[PDB]
Amino acid sequence: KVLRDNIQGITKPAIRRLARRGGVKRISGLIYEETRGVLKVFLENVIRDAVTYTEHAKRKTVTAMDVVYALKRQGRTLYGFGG
Amino acid sequence: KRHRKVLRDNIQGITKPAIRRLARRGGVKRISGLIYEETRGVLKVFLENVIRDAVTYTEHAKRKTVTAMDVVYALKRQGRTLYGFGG
Amino acid sequence: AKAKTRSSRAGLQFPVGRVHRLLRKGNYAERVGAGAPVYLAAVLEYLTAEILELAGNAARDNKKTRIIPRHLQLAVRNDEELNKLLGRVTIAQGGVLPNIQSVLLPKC
Amino acid sequence: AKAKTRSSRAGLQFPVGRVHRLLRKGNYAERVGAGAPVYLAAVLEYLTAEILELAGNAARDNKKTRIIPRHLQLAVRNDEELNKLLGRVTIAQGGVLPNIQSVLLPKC
Amino acid sequence: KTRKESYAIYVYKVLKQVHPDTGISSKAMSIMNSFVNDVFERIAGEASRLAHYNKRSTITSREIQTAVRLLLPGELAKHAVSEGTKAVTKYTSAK
Amino acid sequence: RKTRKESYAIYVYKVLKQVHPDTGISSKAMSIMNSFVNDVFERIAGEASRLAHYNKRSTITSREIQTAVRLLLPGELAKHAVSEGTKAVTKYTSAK
Amino acid sequence: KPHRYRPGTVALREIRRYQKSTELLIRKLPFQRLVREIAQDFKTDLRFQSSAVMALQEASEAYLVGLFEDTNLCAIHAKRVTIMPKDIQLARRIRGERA
Amino acid sequence: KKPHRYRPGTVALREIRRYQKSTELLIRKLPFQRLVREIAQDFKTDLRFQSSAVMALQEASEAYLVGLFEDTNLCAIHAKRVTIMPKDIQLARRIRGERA
DNA sequence: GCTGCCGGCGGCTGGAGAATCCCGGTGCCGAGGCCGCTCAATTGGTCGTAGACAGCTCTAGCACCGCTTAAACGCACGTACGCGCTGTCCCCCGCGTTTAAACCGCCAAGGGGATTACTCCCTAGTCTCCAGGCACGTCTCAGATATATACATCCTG
DNA sequence: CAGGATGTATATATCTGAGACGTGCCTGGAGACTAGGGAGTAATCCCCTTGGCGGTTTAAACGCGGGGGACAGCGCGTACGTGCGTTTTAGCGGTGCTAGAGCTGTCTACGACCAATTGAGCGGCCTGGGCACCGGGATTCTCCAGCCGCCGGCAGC
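Protein chains in written order, with my numbering: chain P, 1 to 83; chain H, 1 to 87; chain S, 1 to 108; chain A, 1 to 108; chain D, 1 to 95; chain G, 1 to 96; chain Z, 1 to 99; chain B, 1 to 100.
Simulated from the structure, these hints should not be mistaken for lab results.
Treat the hints loosely; a few may be bogus.
[Stated by the list, open to error] Going by beta-carbon spacing under 8 Å, a handful of chain G positions derived as facing chain H:
| hint | residue |
| --- | --- |
| 1 | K17 |
| 2 | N55 |
| 3 | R63 |
| 4 | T67 |
| 5 | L71 |
| 6 | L77 |
[Claimed, not checked] Here are the in silico distance ranges between beta carbons for each label pair:
| hint | chain 1 | residue 1 | chain 2 | residue 2 | range |
| --- | --- | --- | --- | --- | --- |
| 7 | A | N62 | G | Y54 | 52 to 58 Å |
| 8 | P | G75 | Z | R4 | 50 to 56 Å |
| 9 | S | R88 | B | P3 | 56 to 62 Å |
| 10 | B | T45 | D | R42 | 29 to 35 Å |
| 11 | S | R60 | D | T85 | 28 to 34 Å |
| 12 | G | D22 | D | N54 | 38 to 44 Å |
| 13 | B | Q41 | P | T11 | 17 to 23 Å |
| 14 | S | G17 | Z | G96 | 40 to 46 Å |
| 15 | G | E42 | H | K1 | 49 to 55 Å |
| 16 | D | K78 | A | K107 | 55 to 61 Å |
| 17 | P | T11 | A | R60 | 36 to 42 Å |
| 18 | A | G87 | B | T83 | 26 to 32 Å |
| 19 | G | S83 | S | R60 | 55 to 61 Å |
[To be verified] List of simulated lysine-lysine pairs, DSS-like, C-alpha gap at most 25 Å:
| hint | chain 1 | residue 1 | chain 2 | residue 2 |
| --- | --- | --- | --- | --- |
| 20 | B | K87 | Z | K86 |
| 21 | H | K1 | H | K64 |
| 22 | Z | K20 | S | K63 |
| 23 | Z | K43 | G | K79 |
| 24 | G | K79 | H | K76 |
| 25 | P | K40 | B | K87 |
| 26 | D | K1 | S | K25 |
| 27 | G | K17 | A | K64 |
| 28 | B | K21 | A | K64 |
| 29 | Z | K86 | A | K107 |
| 30 | S | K84 | D | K27 |
| 31 | S | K4 | D | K13 |
| 32 | S | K107 | Z | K79 |
| 33 | B | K21 | A | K63 |
| 34 | D | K78 | S | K84 |
| 35 | B | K87 | S | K84 |
| 36 | H | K62 | G | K56 |
| 37 | Z | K86 | B | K80 |
| 38 | B | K29 | P | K72 |
| 39 | Z | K79 | H | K44 |
| 40 | H | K76 | G | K17 |
Cβ coordinates follow ideal geometry from the N, Cα and C atoms, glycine included.
Model the full assembly from the supplied sequences, consistent with the hints where possible.
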């Protein structure tokens with residue numbers, strides 16, 4: 001059993017723990033796919049900008065400074081990696 | 001009797017029919033009777049937030065009049081960019 | 001002699017020279033390159049042309065010749081990729097787009 | 001003659017000269033004043049001092065000596081005005097404030 | 001006296017270039033002028049921050065190109081980059 | 001052994017040493033504090049540069065920073081921040 | 001004897017009429033007085049041009065129309081047609097305005 | 001005798017208490033890193049990610065999803081429910097100004 | 001009437017897992033002395049933004065009556081709201097298990113990064129003349145009235 | 001369950017006229033003709049941290065089974081929002097009329113700028129010793145289901 005998509009790697013218990021930190025009590029069984037969709041969309045929206053920043057800097061490595069920049073651009077500032 | 005004619009109870013000037021028209025443009029059929037005070041409070045706090053920045057802009061400019069340039073500046077500052085006033 | 005303007009040589013209907021001067025005086029960077037105003041003016045001209053053609057289509061649909069801010073809102077919001085650009089902006093006398101939830105309609 | 005730092009004259013421990021030079025290379029304006037770096041350094045020092053005091057309060061409330069990002073996030077979210085200042089900022093290794101809606105709680 | 005600048009003439013030429021028999025109102029002209037001024041500043045500030053990010057002291061067509069990619073969503077992005085490249089290559093072809 | 005960088009390490013540590021003399025700060029929290037200082041500095045400086053270019057001026061003085069602080073920091077932070085900014089500017093000017 | 005219109009149908013005609021148009025829905029004198037009174041405690045002896053009142057009026061109407069769109073979304077989500085202050089508060093809370 | 005089993009929906013509260021107090025991430029590092037790398041493989045081929053960049057992206061997305069789930073909880077409770085449903089997420093995002 | 005009987009009622013008690021505390025041992029590593037360099041502070045002089053004063057002057061605010069139409073008040077009325085009962089069937093929650101994350105060790109190497117010679121592109125200095133801005137000045141063709149028909153309702157049989 | 005009468009909307013012929021669009025006039029700012037000197041740029045080497053590999057091992061994800069409780073739906077009370085007739089009240093306006101703040105032009109002056117010297121703030125690099133961490137066991141912390149005395153109906157008379 002080795003053939004698996006990396007989108008499914010966001011396991012159902014991981015979503016459950018994330019929602020527990022969010023503060024929810026009972027979760028419907030169709031949350032576990034909508035949350036994957038939201039996660040994928042959010043990851044594209046940030047890694048697209050991260051990729052663009054790396055291309056502009058003529059680098060091939062996606063820097064943590066770059067991810068911070070793309071996040072602050074998106075309206076979600078990150079603390080812990082420079083600034 | 002030259003100036004300083006302070007008025008009061010003018011937030012009631014945002015009448016219930018005005019809020020109903022604004023809601024119907026928003027897209028609601030049925031209306032509560034108790035949402036009018038909440039909506040008036042919401043408008044008051046929004047206007048206070050915008051007007052604070054508008055007034056501090058003029059005070060920085062050392063002017064005694066508030067321009068639409070100033071209101072637009074304050075609106076764009078808080079993330080509510082407004083077009084149509086020399087932006 | 002034989003003075004010739006920048007917008008003509010760049011094939012642009014937008015003020016490349018004015019954009020260059022405004023970048024220079026806008027405190028964006030210590031120095032500004034020569035192709036940057038051309039690229040920026042081209043992008044601005046494309047964006048305004050797209051919005052203007054959509055607004056003209058809206059006005060022609062409305063059986064109206066001139067363009068009013070209502071048509072500008074109608075063109076900006078009806079196009080999703082423009083609406084994403086102008087999501088956090090509002091235009092004076094623009095109104096909104098007529099829509100009603102299917103819940104609000106009667107039975108038949 | 002003998003020299004001395006600016007912050008000694010301005011009564012600060014936050015670098016007036018560094019802030020001045022940062023404003024200078026930051027392309028913010030053509031010219032910057034002599035008191036604007038000092039005012040900015042004072043505002044930065046005030047905000048940092050208040051944040052650090054609030055975070056140290058939580059750290060000592062957890063019977064710890066060294067400030068941790070969890071305590072600092074607790075201090076940021078637990079003061080309403082600082083939460084407003086840092087509303088769209090997310091703190092890595094900060095977690096979330098413990099808050100449970102009263103509906104989810106049991107009947108008794 | 002006290003001349004003021006705007007984008008009215010260029011927006012009018014753009015209108016005549018897409019609809020040579022369609023006019024605009026005075027309010028929509030200010031609306032378009034404000035939109036142009038807003039997008040111009042939005043792209044220029046992003047390019048400035050891009051240059052500051054890499055310790056570059058210059059703004060070039062590459063910085064504005066990257067800013068266009070960041071700002072304009074998708075189809076807008078790959079049309080705008082193409083048009084900017086076309087205009088800059090026509091500019092550099094004949095100096 | 002080369003390419004030294006710059007940060008607000010000593011300044012934030014010194015601010016801690018005057019407010020909680022027996023409390024230290026971890027590395028991750030300290031880097032987060034550094035990011036916060038950089039973010040707020042960029043915010044205020046951007047607002048002040050906006051004001052300076054925005055009233056057709058070119059010099060950023062204590063008035064621009066004052067209006068930016070009154071314009072960014074909400075509520076009581078604005079009052080204490082402007083109060084300490086003015087007291088710092090007057091302390092600087094008094095002793096040459 | 002006389003013809004009477006069912007409730008919600010006139011509200012629907014009015015929802016279609018006020019959404020198609022763009023004319024301003026808050027009377028000018030009451031809103032100008034509201035703005036002037038709100039600006040009193042900020043700085044006394046202030047002067048407001050009709051253009052600034054224009055801008056404030058348009059911004060406020062746009063803001064309230066957007067809030068009522070979100071509030072209608074909340075009311076329909078909760079299987080209601082009527083909008084109550086709880087919907088307005090939730091729309092304001094998820095937006096992050098009152099958070 | 002009889003066995004001990006908790007009242008259904010109490011260990012849910014216990015996990016809410018525990019995770020709202022904890023600090024570490026709630027998604028395994030390797031699968032999330034694989035997802036990030038796969039989703040950047042479309043934008044550019046042969047991309048390298050810093051060790052810190054991946055975890056920056058990670059806890060950024062974790063904070064985003066925690067905030068979304070909190071808003072979803074509030075929306076569901078506003079709908080006089082306890083179960084969070086896909087329509088709750090859709091409404092929370094739509095009001096937040098993300099989906100539309 | 002009044003005996004039994006029958007089901008609930010909540011009040012309480014201890015067995016049940018969970019959580020916490022502290023002693024005991026253990027590293028790991030934030031906080032501190034050292035070197036020197038690199039840049040920040042000092043003179044010395046400039047020159048040019050920005051303050052003042054002096055006007056002009058358009059313009060924001062006040063009053064004042066006539067209109068009229070929207071705002072406020074009432075009044076049947078039926079429709080949405082809220083609640084209560086019900087019947088599920090579908091989330092939770094332990095248990096066995098199957099496994100895949102996580103560490104730990106050793107390498108090769110593409111990629112990031114500091115120096116160097118350089119060259120050649122954006123800046124700086126003047127002249128010039130044409131494109132943008134504005135005061136008109138129109139005659140418009142863009143708009144707004146009042147008219148006349150089709151329409152979508154809500155009742156009847 | 002199909003027609004008829006109705007308040008709504010639709011088109012359309014004049015009015016009818018504020019104002020987008022030339023037309024010049026003017027002017028100021030952008031382009032054309034000269035160095036120039038530092039900002040980026042290949043070329044080079046020099047690390048480095050990154051991705052890859054292969055044993056354990058071990059907690060976590062997973063599939064199954066039971067349950068009960070949250071949820072959706074249907075019937076019922078109800079009362080409040082809604083649509084419409086009746087004042088009435090204040091926006092709207094159009095008339096002047098008033099000074100007030102905006103706005104521009106000049107002289108001046110002082111403070112931000114910048115160059116050559118010189119000293120120390122601090123960023124780094126070990127380093128000894130000090131705080132966060134883990135173990136097991138004793139100590140509590142809640143949480144749940146059965147025993148029981150009490151209570152209120154329930155068939156008879």
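Hint by hint, here is what the structure shows:
1. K17: At 35 Å from the nearest chain H Cβ, G/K17 fails the 8 Å test, so the hint is violated.
2. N55: 5 Å, holds
3. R63: 7 Å, holds
4. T67: Holds, about 4 Å.
5. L71: 6 Å, holds
6. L77: This hint is violated: G/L77 lies away from chain H, its Cβ roughly 14 Å from the closest one there, beyond 8 Å.
7. A/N62 to G/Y54: 52 to 58 Å: Given about 45 Å between the Cβ atoms, the range is violated.
8. P/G75 to Z/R4: 50 to 56 Å: 51 Å, holds
9. S/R88 to B/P3: 56 to 62 Å: Given a distance of about 57 Å, which is inside 56 to 62 Å, the answer is holds.
10. B/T45 to D/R42: 29 to 35 Å: Given a distance of about 31 Å, which is inside 29 to 35 Å, the answer is holds.
11. S/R60 to D/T85: 28 to 34 Å: 31 Å, holds
12. G/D22 to D/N54: 38 to 44 Å: Holds: the Cβ-Cβ distance is about 43 Å, inside 38 to 44 Å.
13. B/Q41 to P/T11: 17 to 23 Å: 21 Å, holds
14. S/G17 to Z/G96: 40 to 46 Å: 43 Å, holds
15. G/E42 to H/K1: 49 to 55 Å: 51 Å, holds
16. D/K78 to A/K107: 55 to 61 Å: 58 Å, holds
17. P/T11 to A/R60: 36 to 42 Å: Taking Cβ atoms as reference, P/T11 and A/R60 lie about 38 Å apart, which means the hint holds.
18. A/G87 to B/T83: 26 to 32 Å: Holds, at about 29 Å.
19. G/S83 to S/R60: 55 to 61 Å: Cβ of G/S83 to Cβ of S/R60: about 60 Å, so the range 55 to 61 Å holds.
20. B/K87 to Z/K86: At roughly 19 Å apart (the allowed maximum being 25 Å), Z/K86 and B/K87 satisfy the hint.
21. H/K1 to H/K64: 21 Å, holds
22. Z/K20 to S/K63: Since the Cα atoms of Z/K20 and S/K63 sit roughly 15 Å apart, the hinted pair holds (cutoff 25 Å).
23. Z/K43 to G/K79: Measuring from Cα to Cα gives roughly 16 Å; hence the hint holds.
24. G/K79 to H/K76: 23 Å, holds
25. P/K40 to B/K87: 18 Å, holds
26. D/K1 to S/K25: Holds - the C-alpha atoms of S/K25 and D/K1 are around 22 Å apart, at most 25 Å.
27. G/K17 to A/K64: 16 Å, holds
28. B/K21 to A/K64: Within the cut-off at roughly 16 Å; holds.
29. Z/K86 to A/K107: 23 Å, holds
30. S/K84 to D/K27: Distance ~23 Å between S/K84 and D/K27 Cα, so the pair holds.
31. S/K4 to D/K13: Status holds; Cα separation ~19 Å.
32. S/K107 to Z/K79: 16 Å, holds
33. B/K21 to A/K63: Given pair B/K21, A/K63 holds - Cα atoms ~16 Å apart, limit 25 Å.
34. D/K78 to S/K84: OK: D/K78 and S/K84 at ~15 Å, within 25 Å.
35. B/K87 to S/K84: 22 Å, holds
36. H/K62 to G/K56: 13 Å, holds
37. Z/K86 to B/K80: The given pair, whose Cα atoms are some 12 Å apart, holds under the 25 Å limit.
38. B/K29 to P/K72: Holds, because 23 Å separates the two Cα atoms, which is no more than 25 Å.
39. Z/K79 to H/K44: Violated: Z/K79 and H/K44 sit about 29 Å apart, past 25 Å.
40. H/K76 to G/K17: Judged against 25 Å, a Cα distance of about 40 Å means the pair is violated.
In this structure, the earlier hints numbered 1, 6, 7, 39 and 40 are contradicted, and the remaining ones agree with it.
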